[PDB]
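Asker: Kindly generate the complete structure, drawing on both the sequences and the hints.
The primary structure of each chain is shown beneath.
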Amino acid sequence: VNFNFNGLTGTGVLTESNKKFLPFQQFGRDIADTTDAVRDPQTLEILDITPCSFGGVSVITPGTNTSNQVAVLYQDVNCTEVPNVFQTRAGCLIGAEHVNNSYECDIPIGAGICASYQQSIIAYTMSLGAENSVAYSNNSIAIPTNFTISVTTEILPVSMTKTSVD
Amino acid sequence: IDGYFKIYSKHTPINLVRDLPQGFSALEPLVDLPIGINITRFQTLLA
Amino acid sequence: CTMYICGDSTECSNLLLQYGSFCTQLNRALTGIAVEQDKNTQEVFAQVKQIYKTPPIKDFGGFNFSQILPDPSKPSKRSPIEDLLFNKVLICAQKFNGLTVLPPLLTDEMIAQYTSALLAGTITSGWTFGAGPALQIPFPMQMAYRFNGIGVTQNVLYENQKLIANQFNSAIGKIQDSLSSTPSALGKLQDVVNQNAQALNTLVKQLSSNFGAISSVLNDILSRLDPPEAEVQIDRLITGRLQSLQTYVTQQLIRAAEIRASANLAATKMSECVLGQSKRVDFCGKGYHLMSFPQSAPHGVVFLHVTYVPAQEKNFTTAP
Amino acid sequence: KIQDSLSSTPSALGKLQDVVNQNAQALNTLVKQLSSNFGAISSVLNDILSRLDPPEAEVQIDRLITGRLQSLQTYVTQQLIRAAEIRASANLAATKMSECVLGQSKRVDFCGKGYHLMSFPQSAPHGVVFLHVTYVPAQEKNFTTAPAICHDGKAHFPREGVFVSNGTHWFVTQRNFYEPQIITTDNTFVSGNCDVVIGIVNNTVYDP
Amino acid sequence: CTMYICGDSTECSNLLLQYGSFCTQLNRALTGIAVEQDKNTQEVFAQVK
Ligand SMILES: *[C@@H]1O[C@H](CO)[C@@H](O)[C@H](O)[C@H]1NC(C)=O
Ligand SMILES: *[C@@H]1O[C@H](CO)[C@@H](O)[C@H](O)[C@H]1NC(C)=O
Ligand SMILES: *[C@@H]1O[C@H](CO)[C@@H](O)[C@H](O)[C@H]1NC(C)=O
Ligand SMILES: *[C@@H]1O[C@H](CO)[C@@H](O)[C@H](O)[C@H]1NC(C)=O
Ligand SMILES: *[C@@H]1O[C@H](CO)[C@@H](O)[C@H](O)[C@H]1NC(C)=O
Ligand SMILES: *[C@@H]1O[C@H](CO)[C@@H](O)[C@H](O)[C@H]1NC(C)=O
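Chains as they are written, first to last, in our numbering: chain V, 1 to 166; chain C, 1 to 47; chain Y, 1 to 320; chain W, 1 to 208; chain E, 1 to 49.
Worth flagging that the hints you see were computed from the coordinates, not collected in a lab. By construction, the Cβ of each residue, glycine as well, lies at the ideal position given by its N, Cα and C atoms. Watch out, some of these pointers could steer you wrong.
[To be verified] In the BS3-like style, the derived pairs of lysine-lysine whose C-alpha atoms are separated by at most 25 Å in a straight line are:
#: 1; chain 1: Y; residue 1: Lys162; chain 2: Y; residue 2: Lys286
#: 2; chain 1: W; residue 1: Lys106; chain 2: Y; residue 2: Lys286
#: 3; chain 1: Y; residue 1: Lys39; chain 2: W; residue 2: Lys15
[Stated by the list, open to error] A few chain E residues facing chain Y, derived, Cβ under 10 Å:
#: 4; residue: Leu15
#: 5; residue: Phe22
#: 6; residue: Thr24
#: 7; residue: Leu26
Answerer: Written out as structure tokens, the structure is:
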């Protein structure tokens, strides 16, 4: 709701507070020095005031060379309040079907969720890089036999267009 | 100050005979008096 | 920029839009910063192809490591000493003015998974896993490889291996006691968390700063001023608050540059001190570097560097 | 593979395309601030001087110049921070150039992913491309190990390698490549005895 | 900030106080710079016990 409590204005969700206000004191502030509690002016209930949940929207997509199907990310917004919905710590992601198979991260979402296109768009719990139980023991040694030579290109900036803005 | 004559009071237990206690208390506001007066002197009334 | 400066105000946001692309370069810069932290984190911890796991029987050649490696005992896959570091080292209140915190791609449990996998990789593979597939190797021969690398013969390790194991375990206990007792011991991490807490707390107090305006509070300015006067007072607020945000972002970019240099140093130390044996003297801690251990920390890493340090002195005469 | 991967995949050169693109966006963004109003009656400088007279223009233009100067100051300061990042990358590039290109580094994972052998510079628009030739282990083989060798009651340690458990013919091989060689005094050394180390398997050594 | 911008002026310093913490972060940053040179000098030269 949009609230106006004795001149204090904002938009948010009103909940019951358990703070023991003394009789002449009407409202409180946090470390940020912004209002976070109000005494209702008509009935003497102590209320906590918080704003409504919001966050940025990221678009999960394969390139337009491949498909026009997308998934929508509501970052740190609870599913219930939103109106293939998957609840995760980062929020509710709508339009991608959640699967149990972890894969390499393609489009990262955050808080452990990555998405990829496999065809359709899927959402999954992120792999940290497949899985490999190493056969470790106190008396086991592995030694590479045949080797391969790989060349990896690592690019470092050296210069910039030498602009000069008079 | 600035149009308010502000009076504070606090009621607490004490256990000293001859001094001010150690410990902390804060004086709450009771009433805000809308009197723009210039106060510079006072006297204590005893019975 | 739009929500922080002209929060829940279409008219103010439209006035802010008259400054062109500042919102696209500040939001692009901060998005780049967030991506930069995911990239630096991925350079330090997600630098290993696969997730290696230790066996159920933690027989690591007589060197106990149950202190630094996660314990199934905690519900979280977190270590006990590392758990002490996490306990030793508002978010709604911050969010409420449009200054939100984005979750890491890798959760604290996933940071624990990388530090456990990377640390397990170091223990079970020496330096070969950082250059390809993981070999298995017992930890005392790994100590022999690292001593040979630092120019110290293997026989000192093997002859006093029980004493070195006892000194290492006692040293770990010293870390446990020093970090639990001494609050300033973690000053290098406490200062980064403190600088970020001060940067955000300072930014919110600047949201409490007036900057020359009739009022510091944006909802009251829109409730008190009509557009003809409001345009001048909001322009004053945009200049002051936008410069304050520009200063915040500039501090984050310069501090990010210092953190980036530290992250390059941390990744270099990770690879060369943790995933290898460095021959660079006093580069990886004070002494002759043997190995290093990653530990998860809030928004950071703690390295336990095992170093060789001469103790007792003895004089001899020499000749060229 | 480099020719085909880079020719096919446009994002393969993303780190350089991104640096050139960031500089292009910084310049294009600067021009969009020249197209930005900042609160002024008009964004076009020629139109402002063609439009306003000195007695009102000095105060109104002083306000417009003030705003555009903060925008240019922001560009240059932000450009200084980015330049510091390219400068740091350049310091990394010069160090990588000297020890990885003009030498051989023993720093693991410093000069590319694998064991660094050499690099080749390539010219690139306003940047450099390094072709790093690295040694990377491929195929796996399991062996049993031992911490030390007890030959005549003395503990023998390798100078350079690791012992391989064929099963009846233990051999030592260099750390990064399986190539078993006979255990000799020319590739091992003797120091102390076998009675203190836990787990020695007391196999045989040869005295060439 | 007070001395450089509103040097030996209480009225100007009081006007300056309307910008909140900019002087606390500028003086803190520059103090950090001074501490930073002492820390860097101590790492380069005071590296021996
Ligand atoms: C969403 O709301 C329900 C009840 O309102 C709550 O049980 C659930 O935990 C919430 N989701 C999150 C992620 O907190
Ligand atoms: C995926 O995982 C959830 C939770 O473990 C499980 O309930 C579900 O049956 C799994 N499989 C599919 C096909 O969703
Ligand atoms: C090693 O692997 C390569 C594949 O790149 C192969 O061509 C070569 O014959 C192999 N050599 C041996 C000795 O296995
Ligand atoms: C593990 O550490 C504890 C110290 O808490 C020690 O008592 C125990 O012996 C160690 N375990 C092994 C197998 O060495
Ligand atoms: C072990 O050494 C013998 C030498 O007699 C050799 O013939 C054999 O190929 C080696 N490897 C195995 C697995 O037996
Ligand atoms: C070699 O080890 C065996 C263990 O089975 C032991 O019985 C034997 O005495 C050892 N030989 C020497 C020469 O120490």
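Asker: None of the hints should be skipped; say for each whether it holds.
Answerer: Taking the hints in turn, this is what the structure says about them:
Among the hinted pairs, Y:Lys162 with Y:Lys286 is consistent with the structure: their alpha-carbon atoms are about 23 Å apart, no more than 25 Å. Distance check on the hinted pair: W:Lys106 and Y:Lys286 sit about 21 Å apart at the alpha-carbon level, within 25 Å; holds. Under the criterion of a C-alpha separation no larger than 25 Å, the hint pairing Y:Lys39 with W:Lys15 is consistent with the structure, at around 13 Å. Using the Cβ-Cβ criterion of 10 Å, the hint placing E:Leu15 at the interface with chain Y is satisfied: the shortest such distance is roughly 9 Å.
Nearest Cβ of chain Y to the Cβ of E:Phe22: about 7 Å, under the 10 Å cut. The hint holds. A distance limit of 10 Å between C-beta atoms decides the matter here; for E:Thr24 the minimum to chain Y is near 8 Å, and the interface restraint holds. Checking E:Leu26 against chain Y by beta carbon gives a least distance of about 9 Å; that is within 10 Å, so the hint holds.
Every hint, counting from the list given before, is met by this structure.
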